[PDB]
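**Student:** Each chain is listed here by its residues.
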Amino acid sequence: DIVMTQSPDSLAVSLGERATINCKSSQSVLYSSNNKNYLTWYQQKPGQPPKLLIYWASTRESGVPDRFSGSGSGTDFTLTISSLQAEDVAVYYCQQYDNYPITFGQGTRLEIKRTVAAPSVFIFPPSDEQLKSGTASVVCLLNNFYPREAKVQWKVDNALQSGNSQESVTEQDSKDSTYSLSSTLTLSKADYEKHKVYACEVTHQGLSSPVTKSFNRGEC
Amino acid sequence: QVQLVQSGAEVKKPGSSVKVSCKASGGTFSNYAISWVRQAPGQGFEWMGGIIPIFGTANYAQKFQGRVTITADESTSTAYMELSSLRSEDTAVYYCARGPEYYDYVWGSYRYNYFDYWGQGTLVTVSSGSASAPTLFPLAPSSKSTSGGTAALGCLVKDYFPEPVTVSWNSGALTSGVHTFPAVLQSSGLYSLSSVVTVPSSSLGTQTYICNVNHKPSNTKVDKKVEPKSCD
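So the protein lines, in turn, are chains A and B. Residues in the first sequence are numbered from 1 upward in steps of one, following the working numbering. Residues in the second sequence are numbered from 1001 upward in steps of one, following the working numbering.
So here's chain B without its partners, still in its complex pose:
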């Protein structure tokens, strides 16, 4: 069962370069093509180019030709996309995608067609601003966040830059009833979001609840234990 696993989120200054990796696990590139497709905010997906690893042959869209290099190491079943001379407008989620090829007899070449397996994506933010970690505040459960046998609790994930964060609960053991809201950009230039979960209110006395936040761009992970309110 084939899976493509990309490198983590990146924050980069204008003018710099980024290299994003894409590793085929439980798998190999075989005679498939690996493309890179991005999606920038407010824009459609854009095919940047691709490579057929068995041949070593890469093609690029005109828009990026001269600034993008796609390579593949068959020994490691890992592909790469290097994008140089970065601009603000390069801020996007970058996907690797595998797909087949068809042979065009009229032009005497293999051609890229469609993408049957996509990687999880890599958010690359191009900014002159520096990365900064989130500060976690509890959304503590109380009489004002309960209804019948249910209680709501959460974490406010405040003042980080750039996106993304990953939020888990109890190291991924708690997934039912979790809503992690989309981040909002603050007038400070920093992002904020909350993650909430509903749980049985009877468990507030006995079960520990910790939100785990990973913020790769600032190389920070934060865990916060969320306790119920008391009149103490």
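With the rest of the complex left out, here is chain A:
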């Protein structure tokens, strides 16, 4: 099979600037019969199927914006995205069709750069319904922040928690270039009921000092 290697594997670019994504084939994908490179680029936005951008290395698909252009020949190809827009956050893939079977690059993830945005921080006690079952899930939400690096620590009766929380982060939102994050602390009912103060402490570049959200078990 032909191997398609993209470079870089990810990048972060400012809005209105140029993004460059390379794709190398392990052997030529130039088809002699019409002297086209049989090379295509796809965009896969968060939550969506791939979309065709370019084929024959340099021909835009009807309706694809002007700012997408493809260049290269033989084994070395580039997708250039000029005047980057927020809606361009996606994973970009190249694919060859000169040689059976069709094969794809591994993708390049494009993030958009932006000014710092502090998270809004919210906390949710476990439902009584859940407790009755033997587990307590406590959820701390960091909404709409940037950059993606943050510190999120659970304290139970002022004791830093380790090994019992799980974090999940959304893909970057095109509408505002932010991320959100859920941190779920999981305790047994018995452990939950042995303690009273539950606190989520967040450190982030947008905050001048850490933000704590907390509640006292059993108190409204």
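Because the hints were derived from the structure by calculation, they are not lab data. There may be inaccurate statements among the hints.
What the hints assert, rightly or not - Straight-line distance between alpha carbons at most 27 Å, and here's what the computed DSS-like set of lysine-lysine pairs gives: (1) A/132 <-> B/1229; (2) B/1229 <-> A/213; (3) B/1144 <-> A/194; (4) A/213 <-> B/1225; (5) A/51 <-> B/1229; (6) B/1225 <-> A/51; (7) A/51 <-> A/132; (8) B/1012 <-> A/132; (9) B/1224 <-> A/213; (10) A/189 <-> B/1023; (11) B/1144 <-> A/213; (12) A/132 <-> B/1023; (13) B/1216 <-> A/45; (14) B/1144 <-> A/132; (15) B/1229 <-> A/45; (16) B/1144 <-> A/151; (17) A/155 <-> A/113; (18) B/1144 <-> A/51; (19) A/51 <-> B/1063.
Go by the hints and put chain B onto chain A.
**Tutor:** For chain B alone, kept in the frame of chain A given last:
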């Protein structure tokens, strides 16, 4: 405006088979080619094979030849991919994709090239574990989930298997401000995720908020009404 609509998510035992459908709506296959492309976790997309419906001619990648059958019914503009002898490693999102063909005069044949329309994908999970439905818990809005005129609320979608779930709010009437987090796999072997939404805090007194979760692999749908906390 052409659209490819695939069948729903599937959970299958090793050794079994799966058949995934792909229907062209507001459309017809015409003289296009329909391919099947998958993407397994940690792996790149893989072209499995395709068919040109007008000719009835299917081709497959060597890796799957002998275990995959691609067919197309022009009467219904529906294509199918049947993959047999399933293995763990077949766990993947399977896409149908339409595209044109070019004619190769040197080998005297139409050839698949690129894919201009992709279906929404079908997650097929190959596991010896059984499907199990999520349990929905409220992420109830309170003084600890408000800021100025905004309140956050949500649903904890707990302990289901395999992926995926679809989460909507108020039957799809509420989409603004929703974040549905990626699922995390728990040490129990079951998945969990939360879905949250921000809304005007003034609406907590008057507007109903229901999260709707569909979990096709266990043939379950659950709706949970999320109410504000009170000192009662």
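**Student:** Look at each hint and say if it fits the structure.
**Tutor:** Against the structure, the hints come out as follows:
no., hint, result
1, A/132 <-> B/1229, "holds, 18 Å"
2, B/1229 <-> A/213, "holds, 16 Å"
3, B/1144 <-> A/194, "holds, 21 Å"
4, A/213 <-> B/1225, "holds, 25 Å"
5, A/51 <-> B/1229, "violated, 44 Å"
6, B/1225 <-> A/51, "violated, 36 Å"
7, A/51 <-> A/132, "violated, 47 Å"
8, B/1012 <-> A/132, "violated, 33 Å"
9, B/1224 <-> A/213, "holds, 26 Å"
10, A/189 <-> B/1023, "violated, 48 Å"
11, B/1144 <-> A/213, "holds, 7 Å"
12, A/132 <-> B/1023, "violated, 45 Å"
13, B/1216 <-> A/45, "holds, 24 Å"
14, B/1144 <-> A/132, "holds, 22 Å"
15, B/1229 <-> A/45, "violated, 37 Å"
16, B/1144 <-> A/151, "holds, 19 Å"
17, A/155 <-> A/113, "violated, 32 Å"
18, B/1144 <-> A/51, "violated, 41 Å"
19, A/51 <-> B/1063, "holds, 26 Å"
The structure shown violates the earlier hints numbered 5, 6, 7, 8, 10, 12, 15, 17 and 18.
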